[PDB]
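Shown below, as structure tokens, is a lone chain in the form solved without the partner chain; questions about how it binds or moves come after it.
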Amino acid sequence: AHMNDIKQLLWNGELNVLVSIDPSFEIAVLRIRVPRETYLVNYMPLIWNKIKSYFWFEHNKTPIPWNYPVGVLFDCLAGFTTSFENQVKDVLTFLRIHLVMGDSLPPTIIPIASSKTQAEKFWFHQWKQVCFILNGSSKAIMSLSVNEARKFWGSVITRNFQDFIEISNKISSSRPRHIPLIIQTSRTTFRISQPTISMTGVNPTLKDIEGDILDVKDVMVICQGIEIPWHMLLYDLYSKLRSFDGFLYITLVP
């Protein structure tokens, strides 16, 4: 009952996003709501529509990838203990990103293809890999019907929680062989790591993998925008706070 509640709360995740438009293109500064569990490019059509008056996104002059869940980007671009109740009055939590245009594409990020097919294909192939990690093969996801594969992604676009849960569970590993975990530092020196954590014969706690987390370089473990106790079980953590792309993301913050 609680895993469902937890997942619903994650699906409801939503952020105030300030989209600063590059003069080169209140139309200069868009204010939109974007869920944590989705990609920024899924909202490009909404951004273009508003400004009927290459390109990529940037945070504080640094190009940002689009292939990470918005919530994950937020965790590493916005640098918690403070409850809403004890929070100073009227603190505005938001993400400011810039839509810029240029002659040459920034070298470190996958370019935005603006084809409406790019995001879905990437995301689906990635779940195929997450399935490989969890089960040892992509059988479960490849066994989905064509209708189901399309509806799986459709749920991300329309926010259909029921469909996303039905399909993500179908393909989700009874007991993972390994945990699909990604550890990263703040993007404001950036380090990212995908450690190999086996579940065979063990039941690791966050503290148990302290070695891996620390290899990425006094630090607070943030997952889904919240602090996680070092004694929580990895599997539990993954099964509950993994993002809409199948990966569990941990962000290290001071």
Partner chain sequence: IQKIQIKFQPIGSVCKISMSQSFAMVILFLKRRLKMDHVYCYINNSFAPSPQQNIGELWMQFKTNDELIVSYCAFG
Given for the second form:
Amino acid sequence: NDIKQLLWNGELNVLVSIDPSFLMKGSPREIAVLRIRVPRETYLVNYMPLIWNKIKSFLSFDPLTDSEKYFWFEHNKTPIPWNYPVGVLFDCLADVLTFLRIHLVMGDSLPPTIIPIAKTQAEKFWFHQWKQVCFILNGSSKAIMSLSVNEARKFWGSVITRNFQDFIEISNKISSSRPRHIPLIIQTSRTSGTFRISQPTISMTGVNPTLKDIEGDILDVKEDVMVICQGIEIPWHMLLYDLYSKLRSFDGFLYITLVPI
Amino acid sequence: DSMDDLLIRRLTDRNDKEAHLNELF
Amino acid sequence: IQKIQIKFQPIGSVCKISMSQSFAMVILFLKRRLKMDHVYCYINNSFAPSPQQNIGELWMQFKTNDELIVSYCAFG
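Okay, that was the form solved without the partner chain. Show me the form deposited with the partner chain bound next.
Below: every chain and molecule of the assembly, starting with the one above.
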């Protein structure tokens, strides 16, 4: 379990900047800026509690009943979806310092296609990702619907408590040595250029394609490039099945990010 | 066997490059 | 615009939608017919797709005989 262990350890430096609208005129500097170590395999929203705890004593409003506003993360004045692994959002945007800069924002109009944060069950969404992944792999979602309620719960809990053993045990109960399809998502940079993303249908029954073999579906996302998966370069002669079974994210999907060579 | 070694090595670098200056965070 | 067949299967009716649209739009399309909000959609009654997923793509992936079966109700 060497590779996966390395993926579970993936961690980024995150600079969280709290908009002034959240705080009271005069509050100190330290409250407005959080510095944290966030895993690649998790959701930003899983660290919101940590942000509330640090800025609650300076809120410029009563969060219990004052009014209804929406909260969401932003990168360079651009809404960021929290429903993607942190590592995936990173690859998507990327002495030399490597860090992710996030800005907390509030508003009345919730940005289009953005799911609100603090009406947002991260655990439910996540569980469904794995449901979908199970169906794509087996043609049915029975393997995950067979987990006891406890396992499903121990499963999400491993992400929060960061328990590798539990995650590996449950996530394993959802895999195939002979998948019908590959749960694959392809994206481009949100930073430079235009942004596109796709979920091509890639049958596996009786085949063993390499990225090259399916470059047709890969290059389609944006109509020589480099294939980035889990923050690293991937050889085009690599087997799709091995790449999936080894580098898939904590939500069950394999993500490929294309970057200009 | 060998592709795994390349995977294991690139990720190991990744973690280290991404952990650099983690003292500031 | 290639349009494909969606099958709205109540749990507890066949319409053509453009492949270019998102699942969120399909949900909204349904809510506008039922005039509700307490409506959850699931492909083949197994999982709820992310609202941002492309219907055309969901279709190519999970279509049952040309029809993309979308179940709906008011855990899984």
